[PDB]
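Okay, here we've got a single chain as structure tokens, the form deposited in one PDB entry, with questions on binding and movement later.
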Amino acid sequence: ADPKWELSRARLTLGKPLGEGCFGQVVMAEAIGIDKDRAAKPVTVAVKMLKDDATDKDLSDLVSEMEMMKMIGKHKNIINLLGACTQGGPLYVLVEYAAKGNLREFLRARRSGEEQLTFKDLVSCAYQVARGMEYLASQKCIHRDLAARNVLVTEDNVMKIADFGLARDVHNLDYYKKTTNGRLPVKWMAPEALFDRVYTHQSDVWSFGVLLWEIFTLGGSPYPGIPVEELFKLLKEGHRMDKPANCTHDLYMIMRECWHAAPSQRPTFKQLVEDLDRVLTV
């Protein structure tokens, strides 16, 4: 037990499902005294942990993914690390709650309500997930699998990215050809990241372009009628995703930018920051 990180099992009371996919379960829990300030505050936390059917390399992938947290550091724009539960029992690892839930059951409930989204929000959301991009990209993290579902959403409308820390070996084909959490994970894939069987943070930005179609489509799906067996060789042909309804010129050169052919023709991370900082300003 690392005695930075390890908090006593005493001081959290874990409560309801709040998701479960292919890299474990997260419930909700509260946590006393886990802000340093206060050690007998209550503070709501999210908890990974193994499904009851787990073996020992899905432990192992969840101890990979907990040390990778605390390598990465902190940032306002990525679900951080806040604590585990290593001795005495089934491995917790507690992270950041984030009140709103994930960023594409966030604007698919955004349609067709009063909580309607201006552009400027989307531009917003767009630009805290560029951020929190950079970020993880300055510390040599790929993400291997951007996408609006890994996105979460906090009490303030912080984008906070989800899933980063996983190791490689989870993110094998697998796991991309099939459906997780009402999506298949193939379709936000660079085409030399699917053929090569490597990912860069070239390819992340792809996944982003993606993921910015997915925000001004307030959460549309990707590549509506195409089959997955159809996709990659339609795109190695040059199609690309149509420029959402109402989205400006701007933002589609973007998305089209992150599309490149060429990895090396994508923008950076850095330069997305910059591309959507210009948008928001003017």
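Numbering follows the first chain given and starts at 1. By rigid core we mean the largest C-alpha set that fits within 1.5 Å across both forms. What changes on going to the form deposited in another entry:
- Core-based superposition between these two forms leaves all of 122, 170, 141, 147 but one with CA shifts under 2 Å; the exception is 170.
- Core-superposed comparison between these two forms: the C-alpha position of residue 28 differs by less than 2 Å.
- A displacement of less than 2 angstroms separates the C-alpha positions of residue 249 between these two forms, with the rigid core held in common.
- Here residue 54 counts as shifted, since its C-alpha moves by at least 2 Å between these two forms after the core is aligned.
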Second form
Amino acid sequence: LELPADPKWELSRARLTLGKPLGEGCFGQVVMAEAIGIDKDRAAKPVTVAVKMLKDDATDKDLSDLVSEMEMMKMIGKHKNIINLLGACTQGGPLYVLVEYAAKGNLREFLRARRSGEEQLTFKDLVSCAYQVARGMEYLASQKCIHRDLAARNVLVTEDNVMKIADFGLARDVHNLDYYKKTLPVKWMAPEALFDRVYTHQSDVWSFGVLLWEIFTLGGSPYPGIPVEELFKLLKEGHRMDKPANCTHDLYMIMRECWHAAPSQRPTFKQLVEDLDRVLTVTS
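What would the structure be for the form deposited in another entry, rather than the form deposited in one PDB entry?
The following holds one chain only.
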């Protein structure tokens, strides 16, 4: 693979050992791996990382897309609540892009597994998740970045229970079809993004509202049972999801504010961080 080497990011292949594919879906693209020297404090320690790689039969677009996503992560910079770029192997072999490893999977599965048992999460723990996703989104918005698909599936949880937004630098095709027919992204989409293909940081705020509903339903499916045809009618008429059973009134007003039809009437991510911060303080 003929590519330029960015020395400050280049990792030696001797330091990387590839492991098992992560997740059953899209297998082979993302694998678990160990990288020695990633932690500046412990040079000898192998650090578990996630490695994105191309398929054996990949197109030149697939390669350019992966390089562009890596390059956009370099521009955006690092934040605790986003999946960060750790390095890359671009010379003398196949392209490997290293990102932070999230042991506890995506937020939806993390919540569904912790609906019952000892690992069951408290109200404060669920508010902490919302605050961390809002913090990471505030940073991405400040760096001129629009996620376009903010949902629990695209938020990964570390072994230390840190929330990290994933695939933010990823370029997504606006529409698979008017009705995608894959037979779900439309439930998280704002009305302007869904009907007019308009994406702003305020459309991500609508998606954050749907994500907040996921958090307090512990990984619940938004608008359950409602077909896509009926969903378009319901949103145009002003109908919104009901308050999750284990959710406070003040938090449901934050959700209800994210779902204003007028984008500017929704709060900014700076304001959502501030609203979720006050919810964490009041509990004492």
